[PDB]
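Single-letter residue listing:
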Amino acid sequence: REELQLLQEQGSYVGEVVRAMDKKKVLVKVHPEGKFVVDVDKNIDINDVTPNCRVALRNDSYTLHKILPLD
Amino acid sequence: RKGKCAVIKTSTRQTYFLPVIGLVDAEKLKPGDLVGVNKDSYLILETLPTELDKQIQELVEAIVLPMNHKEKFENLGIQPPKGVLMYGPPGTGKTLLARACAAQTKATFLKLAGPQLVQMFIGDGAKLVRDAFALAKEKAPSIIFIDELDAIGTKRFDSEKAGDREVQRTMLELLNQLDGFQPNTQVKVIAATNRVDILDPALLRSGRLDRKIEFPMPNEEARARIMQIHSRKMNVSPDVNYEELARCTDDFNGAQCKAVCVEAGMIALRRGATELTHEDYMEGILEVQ
Amino acid sequence: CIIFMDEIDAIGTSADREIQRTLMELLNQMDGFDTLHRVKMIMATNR
Amino acid sequence: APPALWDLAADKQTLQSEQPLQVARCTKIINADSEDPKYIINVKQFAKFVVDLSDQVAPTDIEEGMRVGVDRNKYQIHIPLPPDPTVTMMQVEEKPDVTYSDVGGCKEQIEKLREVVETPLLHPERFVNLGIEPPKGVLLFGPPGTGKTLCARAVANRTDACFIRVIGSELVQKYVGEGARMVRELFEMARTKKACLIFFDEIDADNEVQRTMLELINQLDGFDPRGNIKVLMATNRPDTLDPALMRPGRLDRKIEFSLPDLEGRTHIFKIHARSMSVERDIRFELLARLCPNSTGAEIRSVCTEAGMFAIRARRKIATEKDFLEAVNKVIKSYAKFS
Amino acid sequence: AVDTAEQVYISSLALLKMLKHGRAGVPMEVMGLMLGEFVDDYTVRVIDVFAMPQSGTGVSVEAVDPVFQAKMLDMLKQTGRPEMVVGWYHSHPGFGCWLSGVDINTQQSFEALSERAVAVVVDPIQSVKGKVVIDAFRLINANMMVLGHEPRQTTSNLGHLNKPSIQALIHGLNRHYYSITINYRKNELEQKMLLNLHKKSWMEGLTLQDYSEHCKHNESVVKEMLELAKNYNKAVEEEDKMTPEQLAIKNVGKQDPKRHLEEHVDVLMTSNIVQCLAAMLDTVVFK
Amino acid sequence: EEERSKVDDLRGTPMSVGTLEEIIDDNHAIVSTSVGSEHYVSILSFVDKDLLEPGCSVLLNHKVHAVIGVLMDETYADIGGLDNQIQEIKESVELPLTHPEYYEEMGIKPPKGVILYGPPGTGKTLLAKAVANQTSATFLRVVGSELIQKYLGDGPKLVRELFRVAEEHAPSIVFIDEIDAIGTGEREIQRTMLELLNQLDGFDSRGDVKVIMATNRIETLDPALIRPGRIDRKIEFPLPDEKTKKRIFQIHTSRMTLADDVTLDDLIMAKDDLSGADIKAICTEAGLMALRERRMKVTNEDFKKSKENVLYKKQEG
Amino acid sequence: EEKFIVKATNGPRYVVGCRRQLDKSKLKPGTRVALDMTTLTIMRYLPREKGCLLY
Ligand SMILES: [Zn+2]
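Chains as they are written, first to last, in full-length UniProt numbering: chain A, 60 to 128, 154 to 155; chain B, 117 to 167, 191 to 428; chain C, 228 to 239, 247 to 281; chain D, 73 to 155, 158 to 279, 292 to 424; chain E, 24 to 310; chain F, 93 to 165, 182 to 292, 301 to 433; chain G, 66 to 114, 168 to 173.
For the record, the hints were derived by calculation from the structure and aren't laboratory data. C-beta: ideal position from N, C-alpha, C; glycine also. There are no misleading hints in this set.
Facing chain A, a subset of chain F residues (Cβ under 10 Å, in silico): (1) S108; (2) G110; (3) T125; (4) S149.
Computed list of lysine to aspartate or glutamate pairs in EDC-like fashion (alpha-carbon distance at most 16 Å, straight line): (5) F:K429 to F:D394; (6) A:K84 to F:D100; (7) F:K387 to F:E432; (8) A:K84 to F:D165; (9) A:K82 to F:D165; (10) G:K168 to C:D265; (11) B:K278 to D:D105; (12) B:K300 to C:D250; (13) E:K186 to A:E61; (14) A:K84 to F:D101; (15) D:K116 to F:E113; (16) F:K420 to F:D382; (17) F:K155 to A:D119; (18) D:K116 to F:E130; (19) F:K387 to F:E424; (20) B:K397 to D:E207; (21) D:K248 to F:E304; (22) B:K294 to C:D236; (23) D:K169 to F:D320; (24) G:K168 to C:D268; (25) D:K84 to F:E93; (26) F:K155 to D:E90; (27) F:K359 to F:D186.
Construct the complete structure from the given sequences, taking the supplied hints into account.
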C-alpha cells in the first residue's frame, strides 16, 4: 500500500544513456520528444553508469535506479 | 428513444462519439467542417462553411432572373436556363471579354480553367468540383467561367488510352451533379469553346448548356464591337476607321489583339503624338506577325 | 440502387477484350447468388 | 562566467518579469478571415484553431498568413512579431555590377527588354494615359551566350530603386512548401519597397514542382501582389510545361537571350578594363578578333582563367605577352567542347 | 509578524459535497465556495459547501458574480445558516492538482478579506477508489523569502502531511507553495446513524428475506460451485501428486511462488456456508 | 556563490534538450523540437548569443522554456614525378593569405580552390599533394563525407558547423579527401551535396578559406558540381608508371636500412599495381617483423615473407 | 461473455464491462460500439457505413 503511490506514479520510462558529462549532469537518450538531461539521484554514483547502455529512469523524478542488460 | 447520432473526426486525428445535438438546424446535418466545439464536451453549436457592350443581356439576365424573378417563376411555373455556351470560331476574345464582363457583373468571380481541374493525381477532380460547389453552392452566389471545353470533350472509340475520358469522368460527373440534382437554381456553370470540332452531344438539357449562342468570325462589325469595347475608354484619335486594321485581324484572339493594342501602346511614345493613331494598330499587327 | 447506363456506343485490337472482361464479370456477379430483387440497371446507346 | 556575472546579478528582476511574456503557442499562423471577430488559425501540428482577436492587437495589422505570437491559456493574440534565412540577406541586390557599356550584337532584343524595365518605371504617366497598360516583359531563353551580364546591366542601369532578383536554386530545395511562403514574403518585401520589381533568375533549376510553378503563375499572373511591376525569365532552359499553354496571355514577346558576334566582344573587354589595370597599349579589338565566335561567358572565362593564370605568374601588371599561352589555350582548349 | 499552527477541520458535509461535486466534476473548470465560522486564530471549521454554475471562461475572478454570491449568501443568512465564507474550492483534472498563475492571482485577490483563505482541490478522476485522501492548499507571503519559509510549530503532524509524497509537485513546486494538515471529526449521531445506515445498506429490509434464498440455493446453484470447486481441488492435487518427488529429492529452497494452502483454506471457507446455514434451515423448519 | 547556485531550479529535474532555430534582436529566441515547439522567452546568463550560431541543439525545460544555458556538441619537395603539379597546387593554394605582395595587387581572389583526383587514391598521394598547406597554416582537413553518412540525417548543419569553425579559423585550407557521397538516406546525399555546393560556392561568404576537393575519380562529380564547383583550376594525375612508385619507395628506403638486393619491380607491381599504401604497410611490418629478428638489415626472405600477408589478404577475401 | 476487449480508433486498446441496461444482442463481436470517458461504460453501438434494355 506504500507502493500504491508508485503505482499512481503512472509508471516509469526506460532511459538509455549515450554520453556522460563531466559536470555531473549526464544526458540520457529517451523516447522521441524526450532527451531529458538531468542529474542522477544522490544515492547512485555517476562513474558506474556507463554510456551506450539502457537504464531505469522515472517519468517524474528523472532519477537512475540501476543498470539494465563399417568393420 | 429515437435513433440519431453522428461520427466526429478531430483535426488531431482522434475519433470520438456524440449524437446530433445543438440548436435548430436548417442547412446543417451535411458532411462538412468548421463546426463549433467546446473544450471536452465536443458538442455542435455553430456550423460554418470552411471553403461589355455587345453582350449585356444574356449574361446579366441569366444570373439575376434565378434570384430576383422568383415571383414570375411562381406565377408561371417556369425554370430559367442555366448553361450558356459562348462558342464559335476564335477572334472574339471570349476568355478576356467574358472574364471582363464577369467582373462587370459586380458579383463574386471564381477562376476555373482547364488545367485547374485536371490534376496529376486521380480523384482530385471531384474534390475540386465539390469545392467549386463549396464556394459557389455553399458560399454566396459567385460567377465561374471555364474555357476550352471542346478539347476535353473528346469521345474516342478505342477506350484504352485517353485522358479526356477521365476529364469526361469528372466532367460527366458534374453533369451527373446537374442532371441528377434538380435544384440547380444556385450558381450555374458557364462554359465556352474556341472550336466546334468535337462538341459533347450530352449537353442538351435546361440545366446543362442550353443557350448555345453562336458567335461567328469577328468581321468588321464584330471586330468593331469587341474592339470598340477594347478601345471604349482609351484615347482614340478621330482617324481610326477600323477598316484596314479590323480587316487585318485574322485568326487573332482577344489576347493576341490585346497584345496588338499593347504594341500600339509601345511606339506611340516615340512617335511624338500623345494619342493613339490609326496606322499603329496595323503596325502592331504586322509587328506581332 | 437503380442505375441508368448511357453513352455506351463510344466504349463499345483489344477494344473488345475489356468489354468481354467487364461483361463476364457482370454475369459472374448477376447469375450466381446475387440480390437481383434489389439491383436494377438501364443501358442506353445512340446507334 | 565574466559575461554571466553582470547578467547573473541582473537576473533578480527576471522572477518578477517571468509572469508576463510567457505566451507561446508554437507561433501558429492564420489562414484567412471570413468575419472580423472569429479568425481561423492553423498550427504546424495540422490542428486548425479558431479564436477571437484580443484588444492589444489592432485588426488592421493582421495579414493573411502572418506568424504572430498567441497565448496558450487565453488563446488570444498578445503581441505580433515582424519575422531570417540566407536567402533574405543574399536576396538584396547591391554593389552595381556590369553596366550598359557592353552594348553590342543583340541590340534589338536588349532594347525591347530595356524599354520595359526602365521606361515604364521612369515614365508611368504617358504609358497609362497613352493606352491600357505599360508593357509587362519579355522572355529570355535558349542559348546562354553572355549570361549573367544583362541582368547585371539591369542592376547597374537601375533608377536607384534597386529591384529584387531570385535564383532558381531556391525553388527546388529540400523540405518543399517553403517556396509559397518565400514568394509571399518577397512579395511582401515588394509591398514594403513601394512595389519593388520582382525577378526570377535561371528558372531552369512532380507535385512538389507543380505547386511552385502553378502557384508561381498564380502569384505573378495573379493580381494580389501586383500586375505591373516586372515579369521576365532570363534562363538557359524555359521548361515550357505550364507556360507552353499559358503563353497566350499576360506574358508575350517570345525572344532569345543574345548571340555572339565578331565586333561585340570589344565592349565586354571595354568593361573588363574596369578590372585590374591592364596595359593600355594592348588593343581590345586585337584581343577580340583573335577569338572568333566567342560568347560573353567564354570571354568571361578568358578574363577569369587569364586572371588566375595572371596572378599565378607572380607579376605586377597583366600583359598578353606573358599569359598569351593562357589566352589561346583558354579559347582553344575550351573551344574544343564549347 | 506572527504565525501559529493552523489545522483545517473537515467534516462529512464538505467531503460528500466534494464527492458529488467530483462526480459532476466535468473537465471544464468549476467553481465552489466554502463557509464556516472563525472561533480563534489557529483553527478553522467548514460546515456549508455548495457548487457554482460552470462557465466557458472557467476559474477566474470575472466568473464570480457578486450579486449571485451575495444573493445566495443572503438567502443562507435568512435561513438557519449564520456562517460566513471561509474560502473557495475547485477541481484540476488531468494536469495535476497544482495551481497555475490565474489560480494564484484570483487567490491573491480573494484573500484580501479572509487572512486564512483555505483552498482545497479535489481530483477524483485519476485517483483510485481505494483512497480518497485529499490535501488543502495555502498561500505564503512574498515578503517572507528573507526569513524562514514556514515558522509553524507542532512539527509532529508533518509526518501525517508527508503521505502525499509525490516527487514532482511537493518539492517540484514547493517554492512559494506549501500545504496544511487535514483532520476529521465525527459525533455520536454520525457514528450511530451513519454506521447503522451503512450496515443496513449492506443488510436486508426485514433482515430475514435473502437468508432462505441462499439456504435453499445451496441445493440448486451452489452445487455447481461445489463441483467446480472440487474440479479445481483435483486440478491442484494432480500436481500435489508430483510434489513429494521434488520434496523427496531437494528439500532445499522454494521455487514455486504458489502456496497451495491458503487457496484450499478459502475453498473450505466457501464450503462452510452449508454448515453455517444448516442450523438456519433447522430454525426455519423448527419454528 | 548563492546567486550562482540558485538557478539550479531551472536546470534541475524539469530539463530537456531541444533545437533552437534562430535568435531575434528582441532578446527572445525561437526553439524547435521533433514536433516543432516554438517558445520565446527573454534570455538569461551562461549563454554567449554571439558565437552560438543559432540553428543548433540547445537546452530546454519542462517549464515555460526560459533559456538557462547552452550545450555545445613527407613534404612538398620529397615526392617526385609530379613536381610541376605539386608546385602548381603549392603556387595555387599557397597564393591566398600567404605571399601577399603578388596576391593583393592582382585583385582576382578566386575563392574556389583546386579539385584533386587520382586513380590510385587511398589518400596517400592526395595527402602528399595537400601536405603543402601544413607548412604555415592551421591543421584543418575534413576527410570526405564519411561523418555525414555515418550520423543521423541531420543534413548540411554539420557542414555549417565546419564552415563556422572554418570561418573562426580563416588562416586554414579546408581539404576534402575520398569523396564517397555518390560513388558509394540515399536521397539526402543529393540535397546535402547540393547544399554543400551552394554553401561551398560562396552563397553568403567571400574569399576566407580555400576548399580542395580530392577523390578517386574526377568523373564521380555530377555535372551540376562543375560550373559552381570548378571555377579556379583543375588538375590531371597520370599513371605512376614505376616513377612515382620509384620516388615513393625511394623515400621509404631513405629512412630504413636495406641494400639493393631487394627486387623493386615485382614488389611495386606485385599484385596489379600500387604506389605507397600497402608498400608502406609492408615497410611498417617490415621494420617490426625485421625487428623481431633482432637485426636492422632487411632480409630478402623476411620482406617478401611479410609481403605474403598483404598479397594473401586482399586475394583470399 | 460479460467483459470483452475493445479497440479504440486512436490505437491503444482497452477493456470494458457490461451495462445493466443493454443486453447481449449487440454485445457480440464484429459490431462497432461506443464507450464513455468515465468508467468506460457502454451507452449504445455504432453501425458501420434485374435488367432491361430500351434502345
Ligand atoms: Zn486546466
